[PDB]
Amino acid sequence: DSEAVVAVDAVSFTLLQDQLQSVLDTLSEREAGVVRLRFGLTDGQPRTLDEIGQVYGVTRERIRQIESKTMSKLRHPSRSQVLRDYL
Amino acid sequence: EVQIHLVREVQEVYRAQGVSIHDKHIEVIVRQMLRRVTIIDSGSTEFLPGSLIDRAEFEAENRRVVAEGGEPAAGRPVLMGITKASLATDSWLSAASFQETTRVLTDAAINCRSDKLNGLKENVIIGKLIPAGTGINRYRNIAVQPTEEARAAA
Amino acid sequence: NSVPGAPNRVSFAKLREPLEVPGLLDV
Amino acid sequence: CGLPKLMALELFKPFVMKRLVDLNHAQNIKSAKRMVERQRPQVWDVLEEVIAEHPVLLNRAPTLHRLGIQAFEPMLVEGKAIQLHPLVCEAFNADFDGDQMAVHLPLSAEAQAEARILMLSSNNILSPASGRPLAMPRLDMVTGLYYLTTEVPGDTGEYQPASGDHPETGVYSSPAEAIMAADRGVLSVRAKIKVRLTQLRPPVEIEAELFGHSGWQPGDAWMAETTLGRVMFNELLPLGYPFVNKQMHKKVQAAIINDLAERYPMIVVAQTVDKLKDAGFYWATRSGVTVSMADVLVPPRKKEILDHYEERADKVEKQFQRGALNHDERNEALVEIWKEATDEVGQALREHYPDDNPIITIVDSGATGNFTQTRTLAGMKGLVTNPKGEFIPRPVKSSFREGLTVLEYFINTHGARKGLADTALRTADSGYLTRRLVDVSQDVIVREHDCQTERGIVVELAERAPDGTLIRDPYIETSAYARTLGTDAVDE
Amino acid sequence: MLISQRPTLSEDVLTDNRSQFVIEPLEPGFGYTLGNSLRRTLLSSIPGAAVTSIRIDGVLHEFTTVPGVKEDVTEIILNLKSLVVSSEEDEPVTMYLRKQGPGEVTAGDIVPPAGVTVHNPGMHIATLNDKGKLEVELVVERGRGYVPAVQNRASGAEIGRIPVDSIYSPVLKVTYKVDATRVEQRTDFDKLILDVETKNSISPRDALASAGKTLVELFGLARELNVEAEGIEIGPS
Amino acid sequence: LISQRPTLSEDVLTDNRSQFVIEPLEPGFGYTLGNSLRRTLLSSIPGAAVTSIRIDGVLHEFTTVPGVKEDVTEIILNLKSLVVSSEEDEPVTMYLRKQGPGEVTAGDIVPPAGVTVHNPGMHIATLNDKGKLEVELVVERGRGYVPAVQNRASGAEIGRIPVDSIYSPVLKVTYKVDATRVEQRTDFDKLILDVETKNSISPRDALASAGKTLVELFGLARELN
Amino acid sequence: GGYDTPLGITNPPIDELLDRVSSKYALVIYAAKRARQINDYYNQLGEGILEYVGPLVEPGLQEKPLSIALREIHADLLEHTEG
Amino acid sequence: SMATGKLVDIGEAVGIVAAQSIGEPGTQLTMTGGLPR
Amino acid sequence: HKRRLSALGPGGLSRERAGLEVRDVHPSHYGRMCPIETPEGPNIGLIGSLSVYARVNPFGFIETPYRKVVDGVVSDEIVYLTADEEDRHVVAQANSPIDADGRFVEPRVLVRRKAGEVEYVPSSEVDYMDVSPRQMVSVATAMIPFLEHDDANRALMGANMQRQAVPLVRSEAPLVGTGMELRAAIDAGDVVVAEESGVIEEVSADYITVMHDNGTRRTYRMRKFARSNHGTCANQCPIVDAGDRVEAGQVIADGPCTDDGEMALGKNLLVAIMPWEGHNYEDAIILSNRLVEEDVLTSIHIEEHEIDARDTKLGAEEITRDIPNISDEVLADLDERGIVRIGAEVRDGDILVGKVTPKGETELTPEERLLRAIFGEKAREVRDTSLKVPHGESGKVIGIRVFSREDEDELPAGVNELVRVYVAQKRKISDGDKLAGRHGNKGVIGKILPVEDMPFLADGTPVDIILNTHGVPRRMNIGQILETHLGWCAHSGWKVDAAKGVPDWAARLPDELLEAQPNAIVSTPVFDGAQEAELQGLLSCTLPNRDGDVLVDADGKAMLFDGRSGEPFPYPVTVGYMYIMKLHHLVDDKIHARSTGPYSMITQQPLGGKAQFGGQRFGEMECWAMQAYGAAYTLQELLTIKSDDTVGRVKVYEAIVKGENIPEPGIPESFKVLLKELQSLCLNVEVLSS
Ligand SMILES: [Mg+2]
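Chains as they are written, first to last, in the working numbering: chain A, 39 to 125; chain B, 312 to 465; chain C, 61 to 87; chain D, 4 to 495; chain E, 42 to 278; chain F, 4 to 228; chain G, 41 to 123; chain H, 11 to 47; chain I, 184 to 873.
Because the hints were derived from the structure by calculation, they are not lab data.
Treat the hints loosely; a few may be bogus.
Claimed, not checked - Distance windows between CB atoms, simulated:
hint : chain 1 : residue 1 : chain 2 : residue 2 : range
1    : A       : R98       : F       : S157      : 58 to 64 Å
2    : D       : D358      : H       : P46       : 39 to 45 Å
3    : G       : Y81       : E       : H160      : 53 to 59 Å
C-beta atoms are modelled at their ideal positions from N, C-alpha and C, and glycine is treated no differently.
Put together the whole structure using the sequences plus the hints.
Here is the structure:
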């Protein structure tokens with residue numbers, strides 16, 4: 039059954055979620071909420087820039103700036119050796 | 312007499328091949344042969360003559376039926392074969408895999424005979440913890456706590 | 061015996077058989 | 004049990020992955036799995052740590068009975084084969100001709116407990132069938148211990164009590180002194196001597212004779228006339244056990260191990276049997292039991308016995324040629340005459356062999372093989388069967404050392420192939436009968452301590468003589484033992 | 042060469058004269074190479090004294106009957122054989138075991154001349170029934186290994202003297218076995234386990250050292266052919 | 004005790020083998036000392052052997068060379084029986100080129116300075132008119148038996164063909180004892196020991212290195228005390 | 041008593057362990073539920089406190105919890121009631 | 011119980027033990043006087 | 184496998200429907216179908232082979248040669264007789280004393296009657312005599328010396344294993360054999376035989392150009408390193424030189440298991456028969472390390488792997504270096520298009536054929552979307568199924584054969600490029616390998632001892648292998664012992680004394696046998712071999728090796744020295760040379776293990792078989808045994824959360840990796856399938872707790 043559960047990938051994806059939540063909680067609250075609502079990581083639905091600027095009461099531009107800054111902060115091999123090993 | 316005969320007869324063959332077997336094994340087997348009795352007279356409580364029912368069930372329903380319906384059925388001890396003893400089973404799932412599975416299953420559905428899951432065969436098939444060894448309720452439900460003195464000391 | 065490339069293997073044959081072994085893949 | 008490391012590396016892979024996540028050798032489980040594939044040599048150390056105290060199951064197919072599955076402690080061994088302990092080959096019925104075994108692995112803590120406690124090697128020693136042990140010594144180590152404990156007079160350094168100007172010059176103050184004088188080439192091991200023992204328990208005669216209450220071997224000192232080998236043998240047995248001083252036949256060893264299991268705790272018996280295995284191998288080496296064709300001696304007056312019974316068979320077949328008796332009676336007469344000749348040749352062979360002949364030594368020790376196989380090695384095969392089942396009236400008059408004829412070997416093929424086909428049919432039908440017995444008795448377990456009836460059977464139990472002498476009935480051990488008296492017993 | 046792993050020596054100490062030595066780890070397979078030679082060295086290279094021959098007054102030829110004692114002659118013989126005494130002279134020195142009257146004779150009742158020393162004076166030997174008197178002269182010299190009773194080459198002097206065996210080695214029981222420790226990372230190395238049991242003359246700790254000295258003085262003969270021949274050294278201690 | 008320390012003298016029989024006699028000894032000791040020196044000499048004398056080769060015409064082990072009569076694995080089996088003795092622990096490299104018809108012996112191999120082949124008469128291969136043979140060899144000091152190291156364990160390319168190496172300068176070791184053991188207890192043993200080496204080093208040089216190894220080993224126990 | 045020392049998987053001896061419980065099956069389920077308690081202890085050391093007692097005797101360097109359980113049973117620090 | 015040496019417990023499946031103990035030496039049953047008997 | 188007789192198949196009887204009587208041996212089998220050689224499995228009697236001299240009637244019967252004897256005088260008219268006309272007549276035997284003029288000297292002669300009866304005939308009525316001995320026996324069984332001393336069971340096992348030898352890299356001929364090893368090897372096919380008499384022109388390792396005596400020239404292309412049908416090698420080395428003159432019907436190139444023309448199924452090893460340390464316990468065999476050191480038992484195994492490029496809906500399968508998600512270091516050995524290059528040593532689980540398939544588009548999990556957002560990676564939509572080498576298989580890569588649809592090769596439908604990779608490795612001997620002599624004495628390898636710890640002979644020669652004593656007398660197969668004595672006699676070489684003429688034991692012993700050089704090849708014919716007098720008397724005179732060294736006494740034993748302890752053994756030990764084999768039941772071909780691998784499709788059981796990772800059938804009697812212990816929880820484990828608890832397996836793996844308690848075993852899949860089928864069969868199955 040080539041479409042069966044490999045059963046190591048499931049627990050690997052679990053650990054992926056777990057240390058992913060850890061690394062997202064290494065940063066501030068607004069930034070982690072922005073990333074989670076942006077990529078739908080807390081519900082399953084990617085809320086776009088309008089919804090994020092709605093839930094934080096700010097422009098689309100400010101959400102874009104904050105998200106770009108979070109992308110800058112995530113891009114540390116110190117932060118991301120464990121993440122590099124995940125792919 | 313027939314028990315004493317059968318033990319001596321089978322043990323003689325195992326003597327002849329020089330293999331010592333304790334007799335209680337053959338005792339266990341022959342005990343299963345001599346479980347059921349026949350009916351030659353019905354009494355008055357749902358009995359067909361020639362039917363093979365368990366002895367203990369028969370004696371218990373007789374000791375119930377002597378009051379209010381006191382016709383004890385005439386039962387005779389019968390020796391049934393091992394395959395015959397197997398086919399005279401308790402549950403449909405207990406049999407289920409021996410001989411004419413279809414014919415077992417059809418009148419199993421007709422009788423609507425429910426299982427009680429008391430053997431180990433069925434509990435193996437459904438994967439339940441079987442009622443044997445580590446499986447019976449006396450050992451399954453063991454409460455575990457430390458002694459209170461050592462609990463306080465540590 | 062009587063094969064031109066046979067190495068000299070020595071025998072204990074007491075009896076001298078007339079018939080040789082046939083061409084075994086004849087079957 | 005020994006275990007191939009590359010196999011256990013695959014069996015215990017989630018365990019070793021978890022443990023080298025615990026050690027900081029990988030960032031995750033994924034690089035852990037990749038390292039397991041790349042086998043970085045610290046992973047063998049971590050594999051040792053995770054295999055340490057974790058039992059595994061072992062099974063030889065087919066599973067004939069309950070001891071077909073046992074639980075051993077694995078240990079990482081070089082090679083790629085499963086090292087089995089030799090004393091469980093009798094339980095597994097596993098010769099080393101290439102038979103494989105299947106390894107399982109328990110996972111839950113309950114499963115580890117059931118494997119550790121129930122199915123462990125040391126806890127399952129006796130038969131479930133008839134109480135006799137299966138860890139008992141066998142083929143090689145029986146011969147080893149039989150050589151080690153046999154008593155040979157006419158030996159070097161043997162005791163004599165006779166004293167001329169010299170003393171008797173046979174005694175030795177300590178078994179350590181005996182070991183020194185045996186490592187120097189004075190004492191042979193199987194020679195009879197008179198040691199002074201300080202650490203062994205004397206038998207009940209000597210023990211009750213000297214000390215009465217307890218001839219307690221931790222302190223006491225006493226002498227005996229034995230061999231050095233039996234003294235070293237009783238050194239293997241535990242401290243509380245008395246001295247044996249017999250020649251270790253396999254039946255004797257069976258009685259000893261039964262005695263130990265019925266008196267002593269099991270973990271003592273397991274250690275004792277292990278030490279017996281080591282000593283049995285070490286003296287199976289020095290036993291010198293080899294097979295040369297010069298040691299397969301032939302009986303010298305075999306030929307005149309063949310002449311005797313050949314003239315008898317000649318008279319019988321000539322009387323059939325007269326037509327006075329039919330085909331069946333002359334065939335039966337030939338059968339009886341050649342069975343008589345067969346037993347005659349076997350008798351002559353049995354009286355001819357000396358006892359240090361290794362072939363008769365293995366048999367008389369009781370390691371393996373009956374006397375008939377020795378007789379068909381040297382002597383006469385005798386009657387070979389009809390493929391129907393009757394006997395061929397020719398019969399084979401030669402031994403395997405003599406070498407059969409074309410026709411004799413062609414006759415032997417019939418019974419050989421019939422026996423092989425019969426063995427295949429027997430093991431299949433025995434599997435079927437085992438099926439039927441499990442089909443019947445699958446629902447009989449113990450559920451109560453005591454039903455508290457007073458009914459019950461009687462046992463013959465060592466009937467008397469016409470004189471009145473109570474001879475022991477032979478079938479008591481299968482019948483009367485391991486039973487509970489529902490009634491009392493009073494003595495007139 | 043480079044030893045690639047250093048073998049070490051760690052003692053375990055059981056009861057007083059029964060030390061248990063182990064050596065780990067060893068190159069496969071050096072355990073059998075050195076443990077058997079070490080055993081034979083312990084049994085048969087160490088100097089030590091024992092009783093060579095005794096003589097007893099009153100004993101004439103029957104060798105069974107001694108007046109006034111509870112004990113048999115051969116029992117006295119095997120008591121005397123299991124008697125530890127060290128001597129510092131390379132010559133047969135004689136002694137006297139003498140006691141009159143009834144009672145028990147100990148090992149301490151003997152009088153030692155110069156050089157000899159009883160190492161277990163509270164060892165029972167003999168008991169005298171009722172007003173008996175014993176006078177036994179013992180001949181103790183020193184040597185190596187084990188020796189049986191010397192025969193009656195000395196016969197005319199041995200008209201009262203009778204020879205006995207002599208356990209010259211201070212060790213009594215030496216046994217050994219091997220192991221297979223760490224077969225994967227150390228790649229099948231071996232571990233020797235010794236069990237030496239001596240008498241109270243010397244410690245087995247000292248006996249092992251003396252045996253190592255005798256063995257290295259033995260293999261010095263093999264070493265002194267080409268000192269510039271490349272062996273396999275071990276390195277720093 | 005008897006008063007003589009043992010002596011070690013020597014007996015020459017041929018060039019590549021010799022005998023040894025050691026006397027006097029303690030009784031019951033000569034077999035043990037002989038087994039000791041046998042298990043030493045036969046197993047742990049350092050030597051030098053070929054390890055990995057490279058042939059330009061081939062890429063792997065299981066092929067042939069155009070021109071020769073044999074094939075690559077047969078060349079491995081022939082070169083496995085060579086004898087060579089180095090002086091230093093670096094991996095040296097020797098070479099062999101041969102062209103044209105003719106038989107190739109072991110003597111035609113040119114070594115660098117320091118190492119030397121002692122069996123020039125050993126056949127390796129034979130060639131024809133189409134024969135073109137070029138092969139390099141790698142020799143290193145070593146001890147004991149060792150299986151062929153893997154190419155992935157190396158950093159090398161496709162050309163290297165690893166071979167098992169047998170660092171055994173010895174060939175055959177036996178002994179015998181002469182137990183005098185008179186009935187005067189001046190009893191002693193006499194170990195007559197036999198060494199056959201395979202013409203790499205002298206039996207004397209083998210035995211002295213073995214003795215120095217035993218001085219090291221027994222040394223351990225002897226004073227870690 | 042004084043017979044020999046055991047080693048590894050056979051220490052503690054079951055000949056002493058059976059002296060404490062009724063039959064071997066009680067010893068099995070008893071040790072198993074104790075080992076589950078010890079594994080629940082080791083899992084819950086990451087989070088907050090609970091009254092799950094264990095271990096009691098000193099564990100090994102890296103010792104399996106079922107071994108610790110049987111050793112505490114042998115040391116008589118535990119108790120039970122049957123089903 | 012034939013293998014423990016002590017009294018049988020309250021959970022033993024004595025039927026299957028008996029079945030295997032009877033069925034096992036059928037290979038050694040070397041033969042109407044045998045296995046069909 | 185050629186010359187094989189079968190009684191099963193279409194038309195004939197089947198296996199299980201057939202009874203016992205046709206498995207047996209009628210006396211009409213004599214001279215026609217060999218009563219020894221047959222498989223010992225569940226096919227006994229159904230599959231035999233022909234005799235040596237048998238031949239097929241044009242009516243489809245089995246005819247058989249006979250020397251007809253007239254008036255007591257044996258003629259030379261060979262008469263092919265079949266079974267019915269055999270029963271018409273009465274036939275004497277090969278061991279019949281002839282007066283060198285045909286005539287029998289016995290008045291009473293062994294003879295065979297029509298119903299299989301044997302009588303002592305008055306020596307006039309016999310009309311047929313056998314052409315030779317061994318007319319009853321097959322080819323492979325007639326390669327066993329001392330057959331007449333072995334019982335038929337172990338002889339059957341030895342002859343059946345003798346077809347299971349593997350080719351060594353050396354293929355050394357036996358010292359002791361029959362007269363069959365030359366004729367059977369030239370009829371074997373895998374020996375290049377010089378067809379036409381001539382002279383050698385030029386040799387190679389791949390071809391021999393022969394120069395015929397009249398004009399023409401001819402090459403013979405050697406097959407080197409060809410894979411057989413079971414991984415074994417098929418090298419063909421030439422054995423002649425350039426100036427040699429050859430004749431027709433002459434061997435010119437040895438095959439896999441041949442030496443100098445004749446058969447060679449193993450090696451000749453110095454063996455002792457002592458029981459040693461329990462390592463040779465119950466047919467276990469120990470070895471020397473010298474067999475590892477000199478590659479005495481070493482076979483080359485060649486395994487061919489295969490992968491195809493195939494069409495699909497989503498595109499086409501592509502064989503290239505572009506293999507998404509992966510290091511570049513593991514892509515070093517492969518070429519520009521994915522396949523490895525010749526000579527690259529592979530391990531287990533490496534890449535052989537770099538090949539990727541199109542997958543298409545599914546939704547991404549948002550965590551994967553985040554990670555690909557962070558790392559700047561694309562989706563890389565194609566999915567990689569490269570040809571990975573399976574478990575425990577390694578070695579060199581010899582040859583690549585590659586087929587292409589675009590290159591007009593024939594291919595199956597929808598297939599675009601088929602590439603096959605010849606993987607090869609050189610397995611040493613190893614503990615666990617199955618070895619056997621030619622007598623049924625088989626066994627795994629107990630322990631490969633080093634070269635010093637070995638019972639060695641007084642010259643310093645160690646023994647090679649050590650069998651067991653205890654397995655010999657009870658198996659009735661002392662032909663191995665006679666082979667051992669004869670092997671030491673042939674290795675040492677002899678020359679008996681003729682100073683008082685011929686000694687009385689060596690009278691029937693023919694000439695050019697009174698001497699023998701050391702390591703000379705000999706042959707015992709099957710039923711006309713060395714007698715007890717000849718073997719023992721020849722064993723008496725067995726001239727020394729280098730010094731004056733009579734190593735082995737007249738009894739056949741010798742004094743060994745323990746390589747471990749050092750003391751001599753107190754008893755002389757039987758030694759000598761036995762010719763043994765290496766069999767194809769190797770360890771790596773049987774070792775098999777699995778933690779988590781492929782499952783099934785229909786059921787949720789783990790898939791089984793060594794081609795996969797594979798599982799082990801926890802069968803019925805196993806369930807019986809674990810019920811008999813009463814270990815109910817472990818039985819629940821094995822039945823549920825290792826087989827069919829689909830939601831249980833992942834949580835057990837997770838709880839192990841977290842180091843937590845193993846959870847409760849759920850309801851297995853096989854019960855739910857039964858429940859759904861019973862509901863599908865119009866039966867309301869009810870499940871109730873109260
Ligand atoms: Mg077998």
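Right, here's what the structure says about each hint:
At roughly 59 Å, the beta-carbon separation of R98/A and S157/F lies within the given 58 to 64 Å, and the hint holds. With their beta carbons about 43 Å apart, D358/D and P46/H fall inside the hinted range of 39 to 45 Å. Look at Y81/G against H160/E: about 57 Å separates their beta carbons, and that is inside 53 to 59 Å.
When held up to the earlier numbered hints, the structure conflicts with none and fits them all.
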